[PDB]
Amino acid sequence: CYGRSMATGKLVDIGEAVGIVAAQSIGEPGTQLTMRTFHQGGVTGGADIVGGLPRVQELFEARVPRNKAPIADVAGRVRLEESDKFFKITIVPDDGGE
Amino acid sequence: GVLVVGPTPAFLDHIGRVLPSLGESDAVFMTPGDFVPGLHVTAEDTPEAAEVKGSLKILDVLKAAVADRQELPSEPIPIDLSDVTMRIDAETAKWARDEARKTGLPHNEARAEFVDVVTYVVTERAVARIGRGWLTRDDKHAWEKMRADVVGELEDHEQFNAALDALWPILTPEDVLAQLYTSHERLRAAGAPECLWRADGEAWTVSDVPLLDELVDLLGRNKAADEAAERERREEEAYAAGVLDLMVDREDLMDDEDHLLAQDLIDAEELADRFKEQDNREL
Amino acid sequence: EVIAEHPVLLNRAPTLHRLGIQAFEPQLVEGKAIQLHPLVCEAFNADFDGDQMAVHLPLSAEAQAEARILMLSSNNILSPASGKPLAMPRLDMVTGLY
Amino acid sequence: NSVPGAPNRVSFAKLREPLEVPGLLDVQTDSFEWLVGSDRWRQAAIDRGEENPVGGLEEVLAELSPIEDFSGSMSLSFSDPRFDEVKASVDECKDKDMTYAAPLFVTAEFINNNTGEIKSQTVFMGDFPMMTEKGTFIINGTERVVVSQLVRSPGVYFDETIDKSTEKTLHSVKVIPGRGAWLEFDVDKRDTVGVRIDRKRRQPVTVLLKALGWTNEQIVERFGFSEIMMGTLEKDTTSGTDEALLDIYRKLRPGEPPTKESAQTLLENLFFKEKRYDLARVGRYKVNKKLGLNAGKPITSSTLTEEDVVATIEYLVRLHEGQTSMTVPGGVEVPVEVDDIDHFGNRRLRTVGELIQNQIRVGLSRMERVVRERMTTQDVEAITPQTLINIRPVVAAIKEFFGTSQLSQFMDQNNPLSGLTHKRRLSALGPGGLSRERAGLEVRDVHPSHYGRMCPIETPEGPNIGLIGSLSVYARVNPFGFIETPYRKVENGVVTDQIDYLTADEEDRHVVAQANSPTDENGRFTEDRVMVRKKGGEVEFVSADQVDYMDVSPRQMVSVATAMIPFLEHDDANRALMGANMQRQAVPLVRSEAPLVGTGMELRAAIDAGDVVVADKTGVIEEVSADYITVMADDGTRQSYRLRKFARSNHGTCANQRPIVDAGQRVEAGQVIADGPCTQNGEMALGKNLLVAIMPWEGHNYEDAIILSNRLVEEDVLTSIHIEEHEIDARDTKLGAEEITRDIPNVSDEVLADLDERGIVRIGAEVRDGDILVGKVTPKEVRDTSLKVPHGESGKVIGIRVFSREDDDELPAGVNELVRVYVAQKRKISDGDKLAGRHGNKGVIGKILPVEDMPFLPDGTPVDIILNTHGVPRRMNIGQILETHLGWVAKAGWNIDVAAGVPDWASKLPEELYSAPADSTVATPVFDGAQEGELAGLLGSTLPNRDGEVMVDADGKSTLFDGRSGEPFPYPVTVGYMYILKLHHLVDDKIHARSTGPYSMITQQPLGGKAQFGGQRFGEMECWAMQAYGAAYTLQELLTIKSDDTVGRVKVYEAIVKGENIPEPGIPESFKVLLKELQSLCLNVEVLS
Amino acid sequence: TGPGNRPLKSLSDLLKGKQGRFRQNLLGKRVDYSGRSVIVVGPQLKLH
Amino acid sequence: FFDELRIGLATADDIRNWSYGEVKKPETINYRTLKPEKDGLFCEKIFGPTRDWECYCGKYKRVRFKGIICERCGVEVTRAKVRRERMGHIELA
Amino acid sequence: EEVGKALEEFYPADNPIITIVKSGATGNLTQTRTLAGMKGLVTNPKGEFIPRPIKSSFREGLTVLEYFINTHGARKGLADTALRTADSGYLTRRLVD
Ligand SMILES: [Mg+2]
Ligand SMILES: [Zn+2]
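Chains as they are written, first to last, in this note's numbering: chain A, 2 to 99; chain B, 26 to 308; chain C, 1477 to 1574; chain D, 58 to 1146; chain E, 1387 to 1434; chain F, 2 to 94; chain G, 1319 to 1415.
The shape of chain A in the complex, shown without the other chains:
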């Protein structure tokens, strides 16, 4: 299920620590990534998009994204309405109802 080892090129062995390899492979290049500004104080720069190490810590902790978006609860079609600054969306199921 793991597969083969990238070092040997042959199918992986029994007893091979494959979690430490994962941690290292993901962390080592962590300096090639954007980050949160290093300044003592200021305004939250998250107003703009920041999608490097922040996004990764987010996902690996499974906390709620900032620029969240809702996902379809049920397949079907969509009915879209717009008030002033508010979007309303209604999904109508193709087979079921409600």
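Where hints are given, some of them may not hold.
[Stated by the list, open to error] Restricting the straight-line Cα-Cα distance to at most 20 Å, the calculated cross-link-like pairs of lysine to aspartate or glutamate (EDC-like) are:
1) 1129(D) with 86(F)
2) 885(D) with 1506(C)
3) 82(F) with 1102(D)
4) 1404(E) with 38(B)
5) 904(D) with 1523(C)
6) 1364(G) with 216(D)
7) 301(B) with 224(D)
8) 292(D) with 238(B)
9) 292(D) with 85(B)
10) 853(D) with 888(D)
11) 153(D) with 864(D)
12) 301(B) with 220(D)
[Claimed, not checked] So the derived label-pair ranges between C-beta atoms look like this:
13) 1395(G) with 848(D): 34 to 42 Å
14) 64(B) with 223(D): 53 to 61 Å
15) 1518(C) with 222(D): 40 to 48 Å
I should point out that these hints are in silico values taken from the structure, not numbers from a laboratory.
Backbone N, C-alpha and C fix where the C-beta goes; we use that ideal spot for every residue, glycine too.
Model the placement of chains B, C, D, E, F and G with the ligands on the given structure of chain A, informed by the hints.
Chains B, C, D, E, F and G with the ligands alone, transformed into the frame defined by chain A:
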């Protein structure tokens, strides 16, 4: 920020068509009935009781309305312990209510002073058993059982603490009104007229919202709730301190020339303050 | 007669992955600097502007064999992160072959 | 030139210097002069300064005197400090481990108001250390430097900021004195103004206003334009002046019995009484010019007031409300704005004199408390100053500033420049500035107020980047401690020859131009859109009529170690930083050689450092030996200069001086008479010129490594002498006497052959690890604890320095003898040793080749150093290519053929630069030097070789031969001469190894370090890497048998020495104590199997 | 409360803190049979 | 070696087994003579010697012979810091 | 951008400074532009852009102001390169845990 008050938000529909930077970020619409964060009781208008509860002669009531809750026992609620004798009386309760009023602090703020005064009162029976103490410790340490009964009664407390909650209850500002409108002597006891009477208190009108707000300035807060958040903050900071302990030390370097490390530009507190969820919302 | 067939581990900090520790066969040289093959220098992230390197020596047969087999540089030619080779021609070699 | 014996060094400079380089340790001598109130500073100040010039001692005493008592009856006063000649000299102080000090005396007058009697005496205040003409102090023998300090000037500073939670823009105010308590103000996240008297609980602001005697009518007339301040008033339960003073004495002195008079005497004797709160003249001036107060007035009254504590609030409130303009009721208009904190009009320099002033102040305060303790416990009219005064405290302060501080540092002498940049240094750390709470990332950066005041480049590479820096070359220090740099006054567009030493505050008010800006007729600019700076460093092009000032020279914003890097505008900044900080740590060589291509700032950096010797007086030379030199002046007075020969610097280097004069030589004044460790004819020579070929070789110059000839080892070119000092003390033990003898316990008499009568080693002998140096016997009867050579050390015994108690010279508590042995080692360049150039090009030495297999030229000349091509463009330091080219152009002379006019690439060249012979010396100043036109066609000229053959073409390239094969490399290679530096990073100092030895007996691992003879840290990341391989036995081995397991390492040593299988722990061993103590807790544990 | 003003020590308080075999070092061991030097290049060399 | 690790509550039986004596007296040491006490804290009569190889009595202080239970102190002369790897106990009323 | 374009065009293929790059041995064309073209824009200590660019190369030689304003972002890169290691270490310790 900005605040807009009125029935129709159509006044806030101008700030948004000439200054969008606010009409969708900064401006805040409220109606006389939304002032509180958590309820929008607007349609619940009221007859001319408003005039009474909409004019500062009601402030008095509020204060007295708490005084009608700084209650004292009808008869000595007995100390339900074996090797002591009830000292709780309108005497001690009176002494301590006066002491608490005498520091000019809201109710939940002076709860602590009240309880400390009552502990030093019960110190009487803690050491005044007949003449004084009567144990083999009372020749050099007159207070072995003083501060073993009084510093243990905050642990043997359920009876003491619960029967204290009658004379100094931690009021969440919604109840002081619920059980001020239902009753009939509270209105007069605190100074209120009788029109203010009503059966269901939680059926809130437009004219009890500013009262509900002022209650939060009149009462206070717990001051001891955030006790586990300190634990979690400390443990996060410790994890960051360990992160920095992992890193290479200036004396164990295998490089050509010394250079800047992270241990001399950042500490655990700030390193941990940036991996936090640090949720942000608009004004 | 004793430095022969006895591997040694070379390490350079910070060690962000396992190729930052590698086993090598010692060749005894006159001098006081360590000669390092130029192809193991991208894993180590090493250069010769002054950088230092640490040497560890195993004693138990088990560790000698772990070095000879698992750690030897002539076996860790590839990354355990993408399968890419690391011990491959760098700058001088590259321009020569180009 | 302008120096008597100035060896000619032609210059490509196209601009003239209207201001010469000022003294380069006149920032460590002017301040000491000020302190001791010498007459030189006195004159200098009377010229441009008050007509009552007070020093630094005078001022301290005047603030101390008169020492009155509670009864106002008897008074003591000090005056007239006075220094008598030094007891010893610098050389004597070093030879004897003494201290360079002068006795200090003071006139103490003792008045009694009862009887009107006086008891003046000239009392003795102890020996005071002195600043040597080289800008140093001498302490127990060692040269030491008191490095200046950068600190926030006293005054008022307003800082906007953002609330971590509300993300709300708020404001603040902070008043900091030179001495006393702070006074802060805030506008809170809830629009309530408040105060933080002596950094205590934030009570409101009107409380203070009332405590000073203000009525709500006043609070509402002064204020009232605002509505947060009124709203703060309205919510002051503590209405009433005395209720407010009670509130304050409560917050400060909580609970303890109060009093109204105590209240006023606290609110007064904390801010307004000039003994518990003082704004030195600088704080007073800052406050005045900031708030709009006391314009053009006699600053004499240097303390706080009640009008400023109000104008401060008023400024703050018009700040929170966006008002840009203020006017105190009676003051002058003012700009309302925030105050930067890194700016240097707000940062100020505590020089050595100020530091010592402060510590003397401490000592004097203690002596004053003692005076009082001892004045009202002794019969009156019978007490005299000498009875009231105990100096023992003061000396301690002094003996505690040099002996043990952070700004008093062992002198950094790897070379003259290393010590000369240790004195023009600006440190942001030490008691008084940021210590640990503010080592962030916005103070470590460059600020446009650094131009001409602090070098943007020279800052060490270690942890103190942005904290420590070096002062520029044209910069001096105001008396208020603010740093000043000169500019030229423009009047209509025509550069005047008038100078103005401005500071950042003043500079920010005008448009400061650039030195390279053109001029045609006595100053006027040629262009129309000239380039300038502005307030916030905002470089801009502007009309030449908008201009008000101008920079005297380029190289204004650079330091010494950075104005000695040729072609600096061609090298990026990190590698220039490297170049400087490596030019500091360059080891002196036996015979020194100065650069062909260099900069004009190498003569002064050696004269103005002090390792050279210069003539005090004009005259001729009467005698010249290796050690002494003897001059007969014109006045007839005979001078005698003694020279340092093979003396040990504080870093192991050599300090040998050598004469460069012949008997019968009419020297002038300021003329160099001897050269130092790294000078030749009076200019810095830290390295050597080497024949370089820019090319890759057979892999031996890979990844910044580099190659050498064996010539540099035969001729002793990059050789250096290193000296080491070993000391041993024969101190008391209570079992007898630690005796130094030759009758050592039973040992090989063969070890006792290089030892003299007294068991000490014999000069001239050679040593090796373990060899005895001095036989010391501590009593038991007798043991052997002698001084033996350490690990990895050897050399010749130069000489010895013994210090006995039978002379009673001086020795610490419980000692009877000290022996210091010096040993010298000639170290040659070797595989591993680090090597570098002035451009950040560095590397180690991978291969040393015989000259018969070195790329040679058609004339037979083998190159001396091979450098690779691949490191030059990605590292952005091509200044070394230009240096190579010009080195060729200078070792081979040149003749520009002007027969048909001067070529167009030479229309900007200074005549006298149209020709030069071989081995010539030139100068390329950092930002006014050799260009590329002046250097392209100047490579063709290149006078031929002895055989008429031109060995290098107009592109910089030759045609080499493989000294191994024999064939010519098929493409031309870039050849020239490069100035190369040998560094303190040597491999005999880095090679460390261990098998067994001593442990820490606390953590019970081996020790950490090389002198400790320790091991190497196997950390956590390394354990991860050791797990990802799946290696369990190496990890076990490393964590048990090597560091902690104390019963296993022995089994292992024995196994190995016996040749049996190295054992294995049958069951883990760190587990047993925890097993016990969990069983002891009544928790059954069963190791299963 | 032991002599003075302190919490007297206890068996099961050893382990709630840093002291005890249970707390992880996050440090090294300064191992024996080890060394350090400066590395130069050798191109006449094999990978092993 | 081993593979597993199990814990559990301890009865009085397993403890009576673990310990080789009984603790009865309240004191750590004696200042005068700096010699350990007996039958109490710092057992010098059950676990073995004070430092090593000895007994509370010094009757036996040599290596040649080990295990001879001191006919005065009933002590087994041995070394290696046994009194660190040794747990006493009490039978509390 | 136009300068880097014109510069990788104008240069031949037998040039060493372009050869060492297009061979994958070292370097980028950004460095070759900085060296033979223009350094371009540089950073403040805030981390923002100075809209007055450096029109000079390290071949022409930089003026005094240009060199001074390059030092700003040249010092701001020695710390970043260290704090980034602590961030990486945080995440790596998490993942290894
Ligand atoms: Mg390096
Ligand atoms: Zn015995």
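Verification of the hints:
no.	hint	result
1	1129(D) with 86(F)	holds, 8 Å
2	885(D) with 1506(C)	holds, 15 Å
3	82(F) with 1102(D)	holds, 16 Å
4	1404(E) with 38(B)	violated, 61 Å
5	904(D) with 1523(C)	holds, 15 Å
6	1364(G) with 216(D)	holds, 17 Å
7	301(B) with 224(D)	holds, 16 Å
8	292(D) with 238(B)	holds, 19 Å
9	292(D) with 85(B)	holds, 19 Å
10	853(D) with 888(D)	violated, 23 Å
11	153(D) with 864(D)	holds, 12 Å
12	301(B) with 220(D)	holds, 17 Å
13	1395(G) with 848(D): 34 to 42 Å	holds, 40 Å
14	64(B) with 223(D): 53 to 61 Å	violated, 24 Å
15	1518(C) with 222(D): 40 to 48 Å	holds, 47 Å
The earlier numbered hints that this structure contradicts are 4, 10, 14.
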